[PDB]
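Novice: Single-letter residue listing:
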Amino acid sequence: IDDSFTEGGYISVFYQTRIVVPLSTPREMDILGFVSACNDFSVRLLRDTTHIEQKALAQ
Amino acid sequence: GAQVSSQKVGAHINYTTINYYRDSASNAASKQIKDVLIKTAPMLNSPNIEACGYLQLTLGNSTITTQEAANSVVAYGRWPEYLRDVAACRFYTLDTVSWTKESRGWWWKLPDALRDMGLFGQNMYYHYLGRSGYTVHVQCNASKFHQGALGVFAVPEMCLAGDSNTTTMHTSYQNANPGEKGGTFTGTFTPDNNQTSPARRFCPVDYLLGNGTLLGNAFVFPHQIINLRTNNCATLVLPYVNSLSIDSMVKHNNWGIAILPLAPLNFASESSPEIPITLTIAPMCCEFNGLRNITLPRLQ
Amino acid sequence: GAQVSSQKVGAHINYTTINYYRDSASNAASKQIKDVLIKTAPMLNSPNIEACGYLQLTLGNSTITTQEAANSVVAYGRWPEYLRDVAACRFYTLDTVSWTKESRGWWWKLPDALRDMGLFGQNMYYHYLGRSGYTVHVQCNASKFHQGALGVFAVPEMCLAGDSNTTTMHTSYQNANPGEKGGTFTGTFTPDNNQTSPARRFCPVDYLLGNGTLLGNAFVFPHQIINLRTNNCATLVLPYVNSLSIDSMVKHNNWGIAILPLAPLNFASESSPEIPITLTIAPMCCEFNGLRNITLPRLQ
Amino acid sequence: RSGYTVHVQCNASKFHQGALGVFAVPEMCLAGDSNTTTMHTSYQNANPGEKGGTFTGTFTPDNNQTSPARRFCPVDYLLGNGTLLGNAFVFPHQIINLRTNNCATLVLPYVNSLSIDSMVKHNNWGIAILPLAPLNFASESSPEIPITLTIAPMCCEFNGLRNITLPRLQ
Amino acid sequence: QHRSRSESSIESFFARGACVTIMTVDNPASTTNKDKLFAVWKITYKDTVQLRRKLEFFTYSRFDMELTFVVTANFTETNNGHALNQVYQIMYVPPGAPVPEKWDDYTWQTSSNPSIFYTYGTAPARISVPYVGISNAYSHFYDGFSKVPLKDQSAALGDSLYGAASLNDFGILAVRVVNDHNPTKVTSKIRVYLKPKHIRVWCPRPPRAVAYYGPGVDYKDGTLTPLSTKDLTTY
Amino acid sequence: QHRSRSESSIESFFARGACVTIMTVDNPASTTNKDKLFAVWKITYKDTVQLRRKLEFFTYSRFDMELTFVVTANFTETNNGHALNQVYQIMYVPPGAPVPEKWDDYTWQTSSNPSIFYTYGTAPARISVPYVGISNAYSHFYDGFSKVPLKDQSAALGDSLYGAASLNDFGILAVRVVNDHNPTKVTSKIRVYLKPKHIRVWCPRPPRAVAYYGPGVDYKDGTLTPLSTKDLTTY
Ligand SMILES: CCCCCCCCCCCCC/C=C/[C@@H](O)[C@H](N)CO
Ligand SMILES: CCCCCCCCCCCCC/C=C/[C@@H](O)[C@H](N)CO
Ligand SMILES: *C(=O)CCCCCCCCCCCCC
Ligand SMILES: *C(=O)CCCCCCCCCCCCC
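Going line by line, the protein sequences match chains 3, 0, 0', 0'', 1 and 1'. A prime marks a further copy of an entry chain. Counting in the authors' numbering, the first sequence runs from 180 upward without gaps. With the authors' numbering as the guide, the letters of the second sequence map in order to residues 2 to 13, 25 to 44, 57 to 78, 83 to 113, 127 to 341. With the authors' numbering as the guide, the letters of the third sequence map in order to residues 2 to 13, 25 to 44, 57 to 78, 83 to 113, 127 to 341. Counting in the authors' numbering, the fourth sequence runs from 172 upward without gaps. Counting in the authors' numbering, the fifth sequence runs from 68 upward without gaps. Counting in the authors' numbering, the sixth sequence runs from 68 upward without gaps.
Looking at chain 3 on its own, in the form it has when it is part of the complex:
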């Protein structure tokens, strides 16, 4: 959860030099980005998620 006490820091991306293209070629392009966990990774204390719900449910 977002919590200052256990904050993790900042990822940011920059132009080191610049994107350079020749004539007759597109001046704008896209980058895709991906994330995953490394094998040193683990989690604890199983819990219910907020990423789905039945609000209409009644239990």
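By construction, these hints were calculated from the structure, which means they are not laboratory data. Some hints could be false.
[To be verified] To give an idea of the interface, some chain 1 residues facing chain 1' are shown, with a C-beta separation under 7 Å as derived from the structure: (1) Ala82; (2) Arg83; (3) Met90; (4) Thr91; (5) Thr115; (6) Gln117; (7) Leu122; (8) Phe125; (9) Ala140; (10) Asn141; (11) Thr145; (12) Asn147; (13) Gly188; (14) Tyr209.
Even for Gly, the Cβ is constructed at its ideal location relative to N, Cα and C.
Using the hints, position chains 0, 0', 0'', 1 and 1' with the ligands against chain 3.
Specialist: Below, chains 0, 0', 0'', 1 and 1' with the ligands alone, put in the same frame as chain 3:
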């Protein structure tokens, strides 16, 4: 028969168990470096024809000529195999489609897409049961001045969402099964409001993989990317996947092929470019069973 | 797996145990001369640089010249050590304070008090994480005709009480962290009544160690006494103490140094005497981690 | 004392052309702007910091007698030091030919008449980057491309700790 | 030292009882013009959302199952009268067997069907079921049809629902208050908690990102925009 | 012969269940204009004073924990009507999980969260929790802040409470009467008793000498003079 074993401890002693019942079902639940970059379970991560130990790709009289191969993947790390304990099964090239600056994506289903392919199709309809794996070869070339990226996804049991908001699970057999022709993705959900005379077909939204899940996560499925910059073709080797050893090829589709523009097609400067995408697919280690008179479907 | 063992008996036979569960947490609680003057647990009693096996006291280019040493103490019997499995860390002398017939006491916090000390301070603010132990050398001389006694206390997690009675835990970061300057004790609690524009700072009552506990018992903490009669200086060797192996030096202060007049300063016959108290502190076995752009705090 | 890894970064397209000469000069003393007095460039001007400092095609004598500019005037073909640029290659160097490569890496040792020295008073190495062959592109009358320098100090060590030096850099 | 991945093992992940349904029954005054209420629930993991989303991380699964029953009751009318302790009968009616039409009828004799007789106020009832699938694994998704439309035969006959296999996979739970009609009425509720034991899972899938809309993968207009606004260059 | 120090060992010292809180819930008549009352308690040892003072003899601690629940109920109105036996649901909502907004809602499905279904009149409920700290030890005192005020950013953003780490350390206990609204109303109370097992403690401190005043070390004017009058030369 008392069973003694090590307790689940911290990191600075054990417990005892006896089974009281005859059926295992009654039993309690029995609870069970150097380089981080390495995958715990590789096979779940889309390996290569190379990466498990396995150019001219050839089946029967049909043959692909490929340098591209680091661009291949063996689904779930598992190679096609015979139901253990034929040149109807060869490479069939389907109708070529066109990728444009506004395409949202394309889908197909197996075996369905191959239902009319020579002796394969025949064999499929003359038998009750059939099983098969596949080699899917997606072909799409452009120039060094073109750009774009195709996400090629192989989905097991690829159930897609329907056009209706008044009734559910109602897409007709005819509509669900497009054959070779294809079937396509859309950018927005458009509810079939014609109550009285229902369209009874799918409405697959691209960013939701046509199934209620986010496209960005579609990569947990056996896949491959065609980045126009680096490669012009992708090869997916698909195993027979199912809750059964063999099934009805006519009633049930095992795999779904989804192709979506991860990055939009672009060229030099033309306001509206185009390039072709050709699919060549081959059934593998395939076998049929329960021969009788031919199935004549109401495909329409 | 039944575990048999001796029963808790008087002084003129045993019981049996079996663990039913897989998690140790589920387990029941497992219950475990000549010279009286000797301490059961010495380390809890404030040992000497001498008393655990360990004069010119020197770190890098900095060096104390000390005869005084029976006057030293190693907190919790534990010597500073590297986070296991640098000359920014040397002796820094802070601004000298003045002890008078009416001083109630002084306090400081580590690392805070050292936040502006040369390369140490720099290292602290350029890194996410840092850990360090300390050597605290309290200097205070007088004549054979002066009298008084200073209680030098090193408190782990020295949380101090605030000025407000309408709201709690509200002392501002700025006020909580005085830097080298200090921070001082008071003889009486004076509630910050300015509702609208709150002082937001500590109000540390001397006889309550500024934290709700009686000063007379402050000796359960790593400490040392400067009795003007017998010695003019005290040396406390402090280990890194924390619920973590390493932490944020900027957000969290590990140790608190409290200096209080156990016995009031007095001289010959002067109605109002004075003598200086100088603190020289050195970080020890210290290490930092998680380098990035510098932290620029709003200290004001 | 310290050594260095100098990494010069400069990319272009297959249709661009040009060549950069990257020179690492030991004791790179540069010539001054004055013709009335010698060895007179101010500490401030001699030491530009990260900012840089640049070469010129022609010598322009600081004629303001009364209130002197007191700075360098480095002529390109003379390596800013009275020697011919064509011979600058006897110095540790590397070439960035836009045709073949987009970056250069120079690993520099500590060089000096001493084992260790004052980093504040004395500069050990000089990095000089000059266009051996001029930048050109497709057909644009006036092209541009970026050059980024990433530098790392190596096997480095310091000595004689005390209060901080606060230079009058201005 | 060293972190364990144990609590994220497939068993540990599902090692919890989840509410899969709430059944309502009652026991009315004999006089009453309206019928005594008994419950008939069709067994499924899809009536509630949480266990469903978790299972659907996977295409195919295999597991022994544990059902636990929490029964609560209460008074309906102001009445002020009372009722003696209730006993409940939880009968499992497998696909094929006679489904009860009345709190009263012969089906409750339960000679071959499994029944649980629960006494109100006692520890929640509990049983285990083996992996009862007719296939080698339970199928969380079926991209296909129950039956194929034959050109020959008529259009209506050849038709069936998309994604559905048997009209009746696992049969049903029938519940009743065994006690006879009582002067003052009591309404009761049965909560069915499901936990998968001894579990195995195959062929992973992305989690459901938009609200469920029935037993299938279908989605509803107006529920399709899960993600929140957040600008590109903003931490 | 020879005296043992066993009953004063750190375990023996804490080897007792202590009341850490009293939760109130109810089950009202359906008619009622006011909502059915369910309890939401934020887990802590600081709401009561005795266990707190004992733990605070120490700076840092480490222990497995045992919670025991005593549930009592009673009638609110003169009424004279009655209610059938109540079943309580004690759900643990860990930091991050959906907190219940209604006695009714979906959160109570409890698919992944731990819940205790307690039957009124039965032996007090009880569970064990491991050492769940994210640090190497529970910290009884934190001389610091949650976050550092950056000169750059605005004053308000950089601010936080003194001595506090996470806005939510251990999450919360949510409690409800599972039974449906009853004509005649019953109010219940849940008493939570806490006992530290398998305990270790570090860095000792003097006991709290003056009345506690909130979650921190703060003291209140007028409570600062604990000690009694007694003259120097008087036995
Ligand atoms: C006295 C009570 C007896 C209760 C007996 C229950 C037996 C029926 C168990 C069915 C378990 C179904 C679990 C989910 C199955 C489904 O995944 C699918 N649609 C798979 O093919
Ligand atoms: C079904 C009931 C499950 C109950 C689960 C309870 C889990 C949460 C346990 C937290 C224990 C906290 C003990 C005291 C911790 C605190 O000392 C501190 N502020 C330390 O950092
Ligand atoms: C192996 O199990 C032999 C040792 C068994 C210990 C005897 C006590 C077990 C009591 C329960 C058995 C009856 C349960 C069906
Ligand atoms: C070691 O424990 C072997 C001897 C065990 C004696 C058998 C009787 C124990 C009965 C309880 C076991 C079941 C509890 C999970």
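Novice: If a hint holds in the structure, say so; if it doesn't, say that too.
Specialist: How the hints compare with the structure:
1. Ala82: 10 Å, violated
2. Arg83: 6 Å, holds
3. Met90: 13 Å, violated
4. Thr91: 10 Å, violated
5. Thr115: Hint on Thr115 (chain 1): holds, closest Cβ of chain 1' at ~5 Å, below 7 Å.
6. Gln117: 3 Å, holds
7. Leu122: Since the shortest Cβ distance to chain 1' is 10 Å, the answer is violated.
8. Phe125: This interface hint is violated because 15 Å lies over the 7 Å limit.
9. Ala140: 5 Å, holds
10. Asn141: Status holds, d = 5 Å.
11. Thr145: Constraint on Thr145 (chain 1) satisfied, holds at 5 Å.
12. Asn147: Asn147 (chain 1) check passes; min Cβ-Cβ to chain 1' is 5 Å, inside 7 Å.
13. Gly188: Where the cut-off is 7 Å and the nearest Cβ of chain 1' is about 5 Å from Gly188 (chain 1), the hint holds.
14. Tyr209: With Cβ-Cβ at 23 Å, over 7 Å, it is violated.
Going through the hint list in order, the structure does not satisfy hints 1, 3, 4, 7, 8 and 14.
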